[PDB]
Each structure stands twice: as C-alpha cells, then as structure tokens.
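Note that this complex is displayed minus one protein chain, with the remaining chains in position.
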Amino acid sequence: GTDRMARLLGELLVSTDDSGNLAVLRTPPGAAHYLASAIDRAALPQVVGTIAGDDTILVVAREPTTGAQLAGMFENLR
Amino acid sequence: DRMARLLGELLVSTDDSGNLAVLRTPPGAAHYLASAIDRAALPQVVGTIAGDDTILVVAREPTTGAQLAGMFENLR
Amino acid sequence: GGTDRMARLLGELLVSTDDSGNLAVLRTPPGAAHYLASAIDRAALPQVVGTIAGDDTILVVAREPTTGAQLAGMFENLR
Amino acid sequence: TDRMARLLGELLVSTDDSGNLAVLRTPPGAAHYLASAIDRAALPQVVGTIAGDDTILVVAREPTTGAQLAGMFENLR
Amino acid sequence: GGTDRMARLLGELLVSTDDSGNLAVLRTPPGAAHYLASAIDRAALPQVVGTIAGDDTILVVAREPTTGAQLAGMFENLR
Partner (left out) sequence: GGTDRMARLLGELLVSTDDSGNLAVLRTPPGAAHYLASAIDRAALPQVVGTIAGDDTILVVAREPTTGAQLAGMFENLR
C-alpha cells in the first residue's frame, strides 16, 4: 500500500502544487493513472479521493487537512 | 439510461470536500455514470469530470459538496 | 506562442464556461477536452495551478487569490 | 461469465468485425465498463480488449475470427 | 455535414498516416485523437467499421475488401 505509493512518488512525481482543498500533482505524460492508482490503494485517511488526467492528478483533501498540506507530504516523498 | 436508475448500479461510495462531491464507481464505470449525471441537468451541479473509478461533481454556490453527496447517496 | 495557440483553440472549442469557488468549468464538444486542456497547460498561465480533462469538460484549478469566476471570465473573453 | 452476459444485455448497442477483430459499440462513456467485464470473463478465444469511449476492440485468438467473436457476443446479449 | 467536418479536422489534426493489415493508423497532436476520431465516426464512412482513439493515435478498422493501406491513403489525401 503505502510502500508502493512511496516508490512511485519517487519515480513519477515531477512537481506538486495546491489550491484550497486540492493538491495538484504533475507526472510525465501518461503516468497520472498509474500514480493515482497507487495513492488510491494506500487509502490515506486524509485523502477523500483522486482523479487522474494524462499528466495531472487532483488529490482531494479531507477537511481539516488542506491541499497545501497534502502537496508538501507528497513533495517530500519524492 | 437515467441517473436515477444508474446510481443504484454504479455507485460504490459518495463523499465530499468543500464544493466537491466525490463519487466512486466500479473500475471503468466513472464516465458512464458521469454522462447520466450531466444528462440529468441538475440546477445545483455546475459540471462533472470522470476519471476511471472516480467522478468529481462541482456544486453550484451556495450548494455544498456535502449536500450534493447526500443527494447521490440518498438516491442510490 | 502558447497564449496565441490557446486563444485560437478556445475560439474553436470552448462551448461555455462556469465556476464554483477555486474552479473554472469549461465545456467543449465531445472528445475535445484533452486537446484544449493541453493548450491551456502549454500557455502556462500564472493564474492556473493545473487542469484535468474529461471528455467534454475541463476542470481548471485557479491559483489563489484568483477565483474560478475570474478564470472563467478570462477564458470566456479570449474565446 | 454471467456477469459479462448481463452487461452485454445492458450495454451492447451493436457488433461488427474485420479480420481478427470484433468491434463492439456501447453508449457514450460505457466502453471501459463493458470491456472490464469481458476481460474478467477470461474467454479462451479472446487475446485481449482495448476500450475507447463508445467502442471496444476485441482481439481474436488464432484461428478464431473477428466474425466468430462478434457472433458470440451477439448471442449472449 | 459529417464528411465535410471530418475533412476540415483532418487538415487541422492529422500529423501522419500509416497502415498494417486491416488497420489505418492515424497520428494526431497530443490529446487530439478522441476529437478527430469523433469526426470520423460521425462521417459514417462505408469503408470504416469503427475507430478507437488513444491520446495521439487512432486505429481505424477497414471494412473488407478495403485494406488498411487503402483506407490510410484516403485519409492521407485529406491531410
């Protein structure tokens, strides 16, 4: 769960950012679904869910955790 | 096929954060359920985006994500 | 010239705009959301944190203090 | 799989074929959901599937043809 | 106006064509494949069984007796 997420964050996370309740994660083209799957499988209590595009993932924070808090957690896992 | 029928077939779970309802579906079903939501033309829904097993439904102010998630849950 | 390409694709592909909070919601013809989102990404707007494309909808996340309504208005006019 | 049979009943709009391919049509957005049930049925004469938005390509395992697969999907429906 | 819209979008979006067996393989800019494939579907060509779009590639399935090469040639002429 968390170990596979941690590994893929190091492999696939290009950058992180945030706005309100959202963490925005950027990946190489095509990698968003694969990294998002790993986040989903980790089932973090402070993550409501994720949605992946092609190179971008929106991670929705569970109140009171903020998007900036999740972005910094992800960032420091790279 | 109508949202009101497909919610019972395709909704795994509902949750919320701020102005977003977060719906989960079985793998691969998100676009199909989200299409039904879009077609429902709900006054309180600004729009939806589907991934593979997750839909984000955007609430129209002042409706909250929790209010929307409650409705989706209740109509399952 | 990311902005010029985005401008012209908005003209071709942007059906409507709407918003809520920190989100602009852009509608496009079926299947076009990824192509328009790519152009928005490439313009690299300071007021945009990122985009997710679905099939006929793009969610554009606004960079604070810009609101969704403010982003939506900008897209609506570049159209 | 009877789970695949029910979703074909529900979501299969039409079938067609060319060569080693069966081409399945679904309502908009439904292709991945139906293809998932096909994959899970693990049919011996199916090598694999790819889903688009409203179309699935189903690859026939030699010597089975696309036509034979399309006929099989028509039947189950 | 399906065939006419399809021709216009091929001019805009078709980067290259190629073939193998019963398939025409169409290449587009990143993200554009679903939108072009939609235009092809809606044209309802008698020599096309169906399309599947990825991100930057479309597979167009030729209806017998038309080969993938004869289909790709048709698209190439509209590039």
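Order as written gives the chain letters A, B, C, D and E; numbering starts at 1 within each chain.
Just so it is clear, a contact is a pair of C-beta atoms (placed from the backbone, for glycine too) under 8 Å apart; a residue touches a chain by one contact, two chains touch by 3 or more.
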Practice task
Would you mind listing the shown chains in contact with the chain that isn't displayed?
Solution key: A, B, D, E
Handout entry: Where the missing chain touches subunit D, by residue
Key = 19-20, 32, 35, 39, 47-51, 57, 59-62
Handout entry: Residues belonging to subunit E that touch the chain removed from view
Key = 18-21, 23, 25, 27, 52-59
Problem - On subunit A, residues whose C-beta touches the chain left out of the figure - result: 28-31, 33-34, 36-37, 52, 54
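Here is the rule we use: only the chains that are shown with their structure count from here on.
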Fill in the blank from the handout: Averaging C-alpha coordinates per chain, one finds the centres of subunit C and subunit E separated by a number of Å equal to 27
Handout entry: Multi-chain contact residues (two or more partners), subunit C
Key = 21, 30-31, 34, 37, 52-53, 55, 59
Problem - Topology of the chain contact graph, where touching chains are joined (line, ring, star, complete, other) - result: other
Problem - Complete list of chain pairs which touch one another - result: A-B, A-C, A-E, B-C, B-D, C-D, C-E, D-E
